[PDB]
Amino acid sequence: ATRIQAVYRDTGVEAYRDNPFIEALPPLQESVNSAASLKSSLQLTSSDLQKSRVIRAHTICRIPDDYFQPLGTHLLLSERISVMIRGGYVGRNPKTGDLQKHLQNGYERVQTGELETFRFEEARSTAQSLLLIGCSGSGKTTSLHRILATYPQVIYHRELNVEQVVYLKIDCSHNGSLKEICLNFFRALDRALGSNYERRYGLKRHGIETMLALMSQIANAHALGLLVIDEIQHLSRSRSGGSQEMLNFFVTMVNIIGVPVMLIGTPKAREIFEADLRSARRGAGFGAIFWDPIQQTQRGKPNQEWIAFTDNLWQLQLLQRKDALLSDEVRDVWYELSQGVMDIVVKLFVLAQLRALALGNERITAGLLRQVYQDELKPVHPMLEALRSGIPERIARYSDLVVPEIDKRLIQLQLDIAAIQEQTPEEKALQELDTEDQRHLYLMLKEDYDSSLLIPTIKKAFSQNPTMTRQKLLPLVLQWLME
Amino acid sequence: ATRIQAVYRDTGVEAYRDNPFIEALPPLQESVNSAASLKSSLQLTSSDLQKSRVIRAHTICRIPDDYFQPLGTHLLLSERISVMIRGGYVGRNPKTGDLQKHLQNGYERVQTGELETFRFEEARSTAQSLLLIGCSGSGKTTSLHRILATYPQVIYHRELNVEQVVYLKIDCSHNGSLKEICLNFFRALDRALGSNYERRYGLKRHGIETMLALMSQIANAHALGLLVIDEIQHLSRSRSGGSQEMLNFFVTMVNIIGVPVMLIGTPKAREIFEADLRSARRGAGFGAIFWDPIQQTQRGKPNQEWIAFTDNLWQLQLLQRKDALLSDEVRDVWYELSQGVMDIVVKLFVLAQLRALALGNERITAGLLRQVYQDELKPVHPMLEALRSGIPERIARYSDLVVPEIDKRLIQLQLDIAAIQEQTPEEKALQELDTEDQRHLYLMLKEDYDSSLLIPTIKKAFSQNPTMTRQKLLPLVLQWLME
Amino acid sequence: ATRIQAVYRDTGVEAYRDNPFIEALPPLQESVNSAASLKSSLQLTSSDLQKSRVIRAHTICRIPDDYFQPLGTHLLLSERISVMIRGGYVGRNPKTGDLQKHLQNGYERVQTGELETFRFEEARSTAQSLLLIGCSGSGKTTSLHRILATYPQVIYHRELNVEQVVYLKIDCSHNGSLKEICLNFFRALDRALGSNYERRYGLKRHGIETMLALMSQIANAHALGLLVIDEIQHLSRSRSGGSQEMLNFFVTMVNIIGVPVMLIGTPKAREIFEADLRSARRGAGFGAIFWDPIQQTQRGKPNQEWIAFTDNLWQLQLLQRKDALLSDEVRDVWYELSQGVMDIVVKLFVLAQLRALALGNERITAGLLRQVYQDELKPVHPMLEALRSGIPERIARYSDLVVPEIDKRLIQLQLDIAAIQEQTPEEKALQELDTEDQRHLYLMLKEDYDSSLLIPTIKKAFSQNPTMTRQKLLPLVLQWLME
Amino acid sequence: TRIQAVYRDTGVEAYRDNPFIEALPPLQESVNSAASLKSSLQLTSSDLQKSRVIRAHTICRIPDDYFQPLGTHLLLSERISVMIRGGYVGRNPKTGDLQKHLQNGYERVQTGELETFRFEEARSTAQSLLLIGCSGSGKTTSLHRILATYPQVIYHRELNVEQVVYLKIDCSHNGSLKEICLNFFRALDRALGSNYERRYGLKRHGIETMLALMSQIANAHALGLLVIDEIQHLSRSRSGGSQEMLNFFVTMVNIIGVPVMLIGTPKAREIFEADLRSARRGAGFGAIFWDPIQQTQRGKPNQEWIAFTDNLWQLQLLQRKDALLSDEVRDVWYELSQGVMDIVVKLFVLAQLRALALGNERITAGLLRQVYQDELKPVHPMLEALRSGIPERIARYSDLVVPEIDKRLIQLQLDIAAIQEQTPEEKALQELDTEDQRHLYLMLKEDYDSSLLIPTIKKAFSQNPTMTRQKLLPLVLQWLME
Ligand SMILES: Nc1ncnc2c1ncn2[C@@H]1O[C@H](COP(=O)(O)OP(=O)(O)O)[C@@H](O)[C@H]1O
Ligand SMILES: Nc1ncnc2c1ncn2[C@@H]1O[C@H](COP(=O)(O)OP(=O)(O)O)[C@@H](O)[C@H]1O
Ligand SMILES: Nc1ncnc2c1ncn2[C@@H]1O[C@H](COP(=O)(O)OP(=O)(O)O)[C@@H](O)[C@H]1O
Ligand SMILES: Nc1ncnc2c1ncn2[C@@H]1O[C@H](COP(=O)(O)OP(=O)(O)O)[C@@H](O)[C@H]1O
Ligand SMILES: [Mg+2]
Ligand SMILES: [Mg+2]
Ligand SMILES: [Mg+2]
Ligand SMILES: [Mg+2]
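Chains as they are written, first to last, in the deposited numbering: chain B, 3 to 485; chain A, 3 to 485; chain D, 3 to 485; chain E, 4 to 485.
Some clues are possibly wrong.
[What the hints assert, rightly or not] Taking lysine to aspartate or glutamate and the DMTMM-like style, the derived pairs with C-alpha atoms no more than 25 Å apart in a straight line are:
1. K462(D) with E428(D)
2. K410(E) with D402(D)
3. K206(A) with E161(E)
4. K270(A) with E395(A)
5. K181(E) with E247(E)
6. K171(B) with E247(A)
7. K461(D) with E449(E)
8. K303(D) with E338(D)
9. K448(B) with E428(A)
10. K206(D) with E161(B)
11. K448(E) with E449(D)
Derived from the structure by calculation, the hints contain no laboratory data.
With the sequences and hints as input, model every part of the structure.
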């Protein structure tokens with residue numbers, strides 16, 4: 003964001019009494035009511051129903067990028083992230099103007115023997131950590147770019163010159179080499195503040211240890227609040243080095259830097275972080291958070307969350323004919339097919355809608371859902387089979403599965419509907435004619451007479467009189483044409 | 003591109019309310035079917051092919067330069083242009099204060115208590131920089147130079163003192179460097195405005211980083227709508243820093259200016275952006291639409307696009323003894339020799355027609371098309387056969403291949419056609435005929451009967467009316483000759 | 003941040019005619035009476051002698067910051083500021099055109115018969131730059147902040163859409179660098195106008211030359227009159243660079259911006275510009291106005307400015323036992339203890355009364371001046387010894403010291419002067435009298451006649467005739483006193 | 004000055020198809036060549052009745068904006084025009100496809116048809132002009148205004164050449180020969196927009212490497228001239244002597260074209276007065292010597308001196324302005340100044356600047372003598388050297404210049420402005436002679452309106468000669484009553 007100037011509020015918690023950093027943040031919110039703040043959806047009216055199908059295709063393909071329904075887990079995630087972001091500023095207070103005289107007076111008093119004991123310097127260290135482990139397509143990056151986004155970004159302080167970089171989010175590289183996770187940090191920080199940390203610290207040839215030590219020198223001047231490392235699966239066990247080297251790099255990174263680093267990954271990456279007790283102890287600073295796909299029934303009774311989700315997204319459909327009441331057969335087959343993962347349901351919506359408005363029909367049917375499932379979900383069937391089987395031993399084997407290049411498929415469907423339109427009514431007059439002899443006659447007789455009687459008279463002459471040659475058609479055609 | 007005084011009206015959507023520069027744009031409601039209104043096609047007359055081979059040659063020569071068939075994909079591109087020009091400027095409203103003022107006011111509201119939770123979402127609306135990628139010769143330049151032509155370049159405002167440059171078309175010159183793109187951006191802006199800036203800006207003391215800021219100042223000053231950086235394929239990657247640094251230049255350029263920008267390139271130039279767009283990030287920007295050649299069959303059915311295009315080009319040829327219909331074998335050879343790209347299609351059709359006129363046999367078939375392809379279209383053979391091969395790696399190898407100086411070859415062959423002096427029977431038919439009016443009688447009554455028994459009987463029996471209509475003269479020829 | 007609408011007033015000078023930036027400025031014709039309109043002083047009443055000691059001390063505390071004496075140097079500085087500001091605008095006339103069009107037209111004419119001769123010079127007016135050099139404490143800042151406050155800061159034109167920023171001021175800080183001045187430019191511009199230039203064009207990654215170009219074009223987008231840089235001494239000689247690099251940067255800054263730029267410097271800062279000041283060329287500019295301390299000995303006669311200043315300041319005293327007429331010795335001694343630096347003139351005068359209010363008798367004597375000099379003038383002892391020595395090198399090298407933290411000393415003196423329990427005969431004589439006005443007769447008559455029987459006589463007279471003023475009573479009060 | 008090129012033909016046969024010469028201002032005859040240099044101040048009649056500070060400010064700008072072209076500026080303008088327009092004929096881009104012509108000549112010369120041919124490669128040397136004259140005679144203000152008729156830069160559309168018509172270089176107060184090659188780049192990247200200083204003028208390069216780098220740049224841009232000014236300011240011990248400073252301006256024959264110009268004092272011509280080498284190359288196009296104006300060249304006084312004196316007289320800003328110049332004042336100028344340009348205008352400016360301070364408001368010969376003896380003290384020996392007429396003394400004292408007279412003008416302006424404070428009511432204090440009167444007034448001013456304090460105290464001291472301070476007060480109050 004931009005340099006939002008600080009406006010101070012007094013948090014009721016005693017431990018945050020004097021910090022400008024904690025008091026410049028948005029106020030504490032109730033965790034029960036904080037879930038409703040994330041909700042967002044598109045706006046629909048009755049006027050847009052009767053519109054060209056290209057604009058409708060655009061406004062229904064924008065659904066997955068602008069629809070977000072808060073779930074049960076969002077409240078816990080928001081609470082944990084708030085505690086992490088506001089609990090790492092206690093030992094990093096800036097206002098210590100009266101420290102020298104206090105410490106010197108205590109030193110004199112304990113030196114003369116008047117005082118029994120005194121504590122000169124204590125500042126607290128070690129950085130908390132948390133991991134958010136879940137399967138791909140479960141909304142770990144859609145729901146964490148909103149909970150983390152209700153906060154501001156870089157905040158300037160008028161009295162000091164420190165700018166409080168509230169958060170920073172980096173993604174791991176495909177090759178996963180550790181020299182690029184320590185190098186994406188500089189670019190992600192440059193794109194926020196607007197500096198040249200890359201040229202000064204990255205292009206220069208420093209070792210991994212030196213480049214890791216320089217990170218804590220620019221993560222201390224600008225009071226970083228959080229550092230989230232995403233797509234840890236790509237870095238996990240790629241061409242980066244040994245597993246011991248990876249684990250020790252993460253341990254040393256958590257130790258050196260003073261900010262609450264968070265890790266996100268697929269359950270395949272759980273095994274490396276449970277390698278030794280040191281890494282498990284450091285990573286599980288606030289326990290662990292695991293994300294489970296939605297079940298159709300909570301405990302025997304049907305899931306209220308499932309009904310609410312596939313009603314609040316059901317009512318977002320844009321079709322000529324749409325029934326408000328959703329049948330239970332569609333719901334049952336939908337839980338059978340999509341298995342509850344959040345990424346596949348919205349893709350099923352958009353794909354089925356595009357195919358329906360391209361094939362002419364204006365209703366979505368369970369048969370259409372099955373057809374789309376067999377048509378354009380081929381790469382994800384191993385993952386969905388693992389989910390539906392209920393055997394978790396090899397779920398992590400296929401948990402990395404993503405639909406490849408689905409966006410280009412969406413663009414191809416949009417191109418197909420745009421190029422197919424609804425019909426070609428201007429060429430229906432030519433479509434009435436079925437013989438090439440009649441086509442020839444119309445072609446030569448196009449300029450002679452108006453097109454109003456070119457089709458009907460020729461068609462009647464060719465139909466009422468069954469067979470003849472091409473040459474003898476024209477005199478009878480003109481004889482009919484005069485009257 | 004002249005000076006039009008701004009006139010205001012009401013928009014279809016309230017989201018663009020009261021913005022002066024958006025309102026001054028041409029209205030959106032009247033363009034119900036812009037594809038039909040953009041269909042430019044030269045129409046031949048009944049008797050323009052009158053003993054004048056020069057006129058026919060000029061008419062055929064004008065076809066590659068003055069033929070435009072709008073497909074259904076151009077409707078999608080027009081919709082994207084409209085969305086990008088009308089939805090990416092809502093932030094820069096001169097009536098309101100600024101985005102920063104709104105963000106700070108919302109922060110004050112949420113800190114005080116009036117507003118519950120402000121969403122610091124870095125409000126930028128769409129602001130997506132489309133990446134238009136297609137094979138060379140597909141018609142991208144000729145499509146964006148005509149769809150972006152119903153918009154006046156400079157709409158004027160009298161209330162303020164700002165000139166609105168609605169669109170600016172930048173063409174990257176051959177063997178270009180990374181500085182001359184900014185230089186000719188300035189040149190095009192001066193040409194479209196009339197105020198020089200290169201004298202005080204285009205000085206070699208400044209570096210490329212300074213030119214970017216000087217560009218950003220002018221861009222924010224005039225509130226320009228779109229920027230199109232065309233022909234990235236023609237630049238030189240040797241003089242510049244390289245592919246890795248030009249990507250940095252591009253991302254800095256799109257990020258700093260803040261206006262929507264579109265890039266036009268070849269699949270070979272995709273290699274520059276492969277490192278960025280292939281990364282899984284919906285927030286990374288650089289959205290793309292792929293220009294694919296139209297195919298004969300998709301899912302086993304013949305596409306009507308090829309049929310319509312071939313028919314439309316078929317009715318616009320001038321040949322004395324042409325065949326009215328296009329054979330299935332002829333279309334099969336067309337697809338086997340062109341494979342979908344359109345630039346080779348029009349040049350091949352024109353060259354085949356003129357060669358058939360020149361060599362004395364006028365009927366385009368597999369043999370004549372094969373001869374003209376083996377005689378003139380040999381330099382373009384590699385890529386045409388490569389697209390039939392269909393290997394994606396092979397296409398980008400020779401994607402840049404364009405036939406050299408084909409306009410010079412066109413003028414040379416036009417000069418060469420004048421070398422013929424032999425007389426064809428239609429010359430005798432049109433020379434032994436006296437008057438201007440009766441000339442089309444031979445043209446439209448040649449198929450049924452031969453001229454030797456045609457002309458005497460009809461010239462004797464035309465004496466029913468001294469001023470007979472050429473339109474009304476059909477029946478006598480057929481009815482009085484079979485007797 | 004003043005926001006005044008412009009109104010156009012005609013100017014009598016021929017060269018100034020028809021220019022809409024110079025007519026909105028305050029009229030030149032009023033300069034005759036505006037030359038000496040800056041006089042200001044505190045007002046003292048005879049009733050302020052009988053008021054309480056602490057509030058008298060508070061009144062004396064405000065002597066330095068509300069007393070101003072116009073000298074001969076302020077006249078010259080005001081004339082030069084007026085000329086520079088109003089003559090740097092003649093070139094930039096937005097109603098007829100710029101320089102380049104005129105030069106091109108003149109060259110076109112001289113290439114033909116018309117306009118036999120032309121002068122290819124520039125109406126640059128030397129781009130006036132003033133290097134105001136003087137010893138610290140001479141009173142430069144608090145005169146440039148009083149002769150530049152008469153002009154409205156932001157004159158806004160409504161026919162056009164530009165804000166005529168008549169003057170903009172840049173200040174310096176401790177241990178400054180070259181880039182800090184450039185950022186302070188945008189800081190001051192945002193403080194004045196209220197725009198947001200700093201956040202979107204004051205990024206940390208920009209170099210000096212890019213920042214210089216950005217400054218040059220932004221200061222021309224808004225009509226700017228003057229760029230004043232104050233306290234160039236505080237720039238650091240180590241972190242920014244050597245003497246040559248600062249000189250080169252300042253020369254580049256003056257040359258590229260275009261508007262007149264004024265510089266405020268100390269004799270040590272003159273060492274930076276020794277090279278260009280020695281170059282006897284006035285085309286570039288860098289004319290120097292030399293501040294000097296107030297020198298009594300002028301052409302073998304005390305400077306009438308010194309006598310006027312010292313008498314005006316001496317009438318501003320509040321003492322119960324004050325001496326009426328200044329003696330030659332008492333003024334002379336604090337002349338050699340003042341050295342003409344006027345900063346340590348008003349400081350000594352305001353400290354003398356505050357110390358004498360507690361040291362004993364209430365009279366400004368030479369001894370208390372001497373003890374103040376030996377006690378609280380320690381930092382500027384070598385300042386003044388260099389000044390009395392008269393060696394140019396010693397006075398040049400020994401400058402910049404400013405007697406830090408006078409405020410704490412003054413307030414401590416007020417707290418200490420509060421706690422005096424003893425009442426002098428002057429103060430205890432008050433309680434015997436009753437009305438506050440009637441002590442005026444006592445003050446007029448205490449020194450010349452014995453007061454012990456005088457004050458009963460005052461009671462007698464006022465009690466005998468209550469309802470008459472002091473002036474009516476005075477002759478009869480005297481005749482009762484003596485006769 | 005990036006002026007685009009417009010070509011006009013010229014009457015000379017040698018400038019037929021030359022872009023560089025035809026893109027220049029047209030040839031101007033001898034008559035109107037001097038009228039374009041003239042400049043004078045306006046000084047309308049409304050300026051006479053003004054404030055003294057603004058009038059002194061206007062007076063302190065007469066030398067800056069007053070130029071009277073004499074009879075010796077026309078010759079210099081003509082020679083500069085010939086020098087600029089004659090050094091381009093060998094550098095013109097008017098060359099067709101010479102390869103075919105040269106090959107044809109080569110094939111024809113060896114078969115006996117043509118006896119001889121000419122395969123030309125290089126032509127012409129650098130013309131040098133040695134303009135030397137006494138310091139203070141005006142060799143720079145009479146050169147800037149002559150060069151100000153030509154545009155500095157010209158841009159050609161068909162080609163890609165920026166014809167930098169001239170370039171002026173200044174020498175430092177104590178500089179070697181290595182500080183003349185840095186000034187070239189530092190002035191060329193200012194005349195144009197470039198960065199030659201940080202690219203070519205490094206520290207590693209020697210004198211010869213930079214002197215050879217200058218030629219490539221002076222031929223990339225068709226540099227029409229190069230003026231080196233104040234050779235006198237070079238130090239003869241930091242450079243090498245009079246044989247490494249004489250050889251350095253002779254080795255500037257290797258610079259292609261660019262007809263250089265050298266300006267110096269008759270004591271800096273001792274560098275070139277060691278041989279004919281720079282008496283031939285340096286005097287390759289003449290050697291013009293400035294001569295101060297002589298009052299009587301013939302029996303009749305010359306027109307130059309009287310015209311200059313009159314046209315300087317008409318710019319007086321004085322309330323009591325003398326209508327006509329008198330003969331005695333003119334003779335005083337000629338005796339005191341001896342014809343030096345920098346001294347006549349300086350005497351006039353300082354005289355009418357002191358007239359304001361002393362309040363006389365008239366220019367007198369005694370005032371001229373006073374200001375000459377007061378201010379122009381260091382440049383006396385030059386004046387007696389000129390008066391005696393011995394060339395040795397004149398050459399010995401030809402670097403004498405007034406040191407830092409701008410500062411002296413600043414204190415003069417300050418002194419004029421310091422007088423301006425005059426207040427009528429303080430004439431009471433002037434009337435307030437007796438200290439007892441001051442004591443009485445300071446006490447009694449607040450009691451009664453200050454209007455009648457003056458007459459009351461004046462009457463009190465007039466009627467009674469002496470009395471104690473105490474008894475004066477009842478009588479003063481009695482007078483205030485009546
Ligand atoms: N609660 C939700 N409601 C609606 N859509 C969701 C929800 N959670 C996730 N999605 C959708 O899932 C899609 C992909 O999420 P993604 O970023 O791939 O998560 P992850 O990276 O953890 O797999 C997003 O486009 C988003 O629209
Ligand atoms: N809609 C269209 N109808 C017919 N021909 C077209 C159409 N669009 C493009 N073309 C053909 O494409 C050719 C120009 O292609 P061009 O725009 O240069 O491709 P690129 O932008 O890849 O270089 C023209 O000769 C034209 O005949
Ligand atoms: N002409 C003046 N009239 C009245 N006070 C002055 C004058 N010049 C200086 N002063 C006093 O000197 C004090 C310090 O001046 P300062 O701003 O430090 O000057 P500088 O910045 O040139 O050192 C101010 O408090 C001011 O009251
Ligand atoms: N022909 C002239 N007419 C009027 N003033 C002149 C003339 N020549 C010189 N001056 C005055 O002499 C002053 C200094 O001359 P300058 O050329 O600097 O001396 P030098 O030739 O020694 O460098 C200039 O300010 C100018 O006003
Ligand atoms: Mg993810
Ligand atoms: Mg193109
Ligand atoms: Mg100051
Ligand atoms: Mg000189």
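Here is how each hint holds up against the structure:
no.: 1; hint: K462(D) with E428(D); result: holds, 20 Å
no.: 2; hint: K410(E) with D402(D); result: holds, 23 Å
no.: 3; hint: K206(A) with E161(E); result: holds, 21 Å
no.: 4; hint: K270(A) with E395(A); result: holds, 9 Å
no.: 5; hint: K181(E) with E247(E); result: holds, 12 Å
no.: 6; hint: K171(B) with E247(A); result: holds, 24 Å
no.: 7; hint: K461(D) with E449(E); result: holds, 23 Å
no.: 8; hint: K303(D) with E338(D); result: holds, 16 Å
no.: 9; hint: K448(B) with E428(A); result: holds, 23 Å
no.: 10; hint: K206(D) with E161(B); result: holds, 19 Å
no.: 11; hint: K448(E) with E449(D); result: holds, 18 Å
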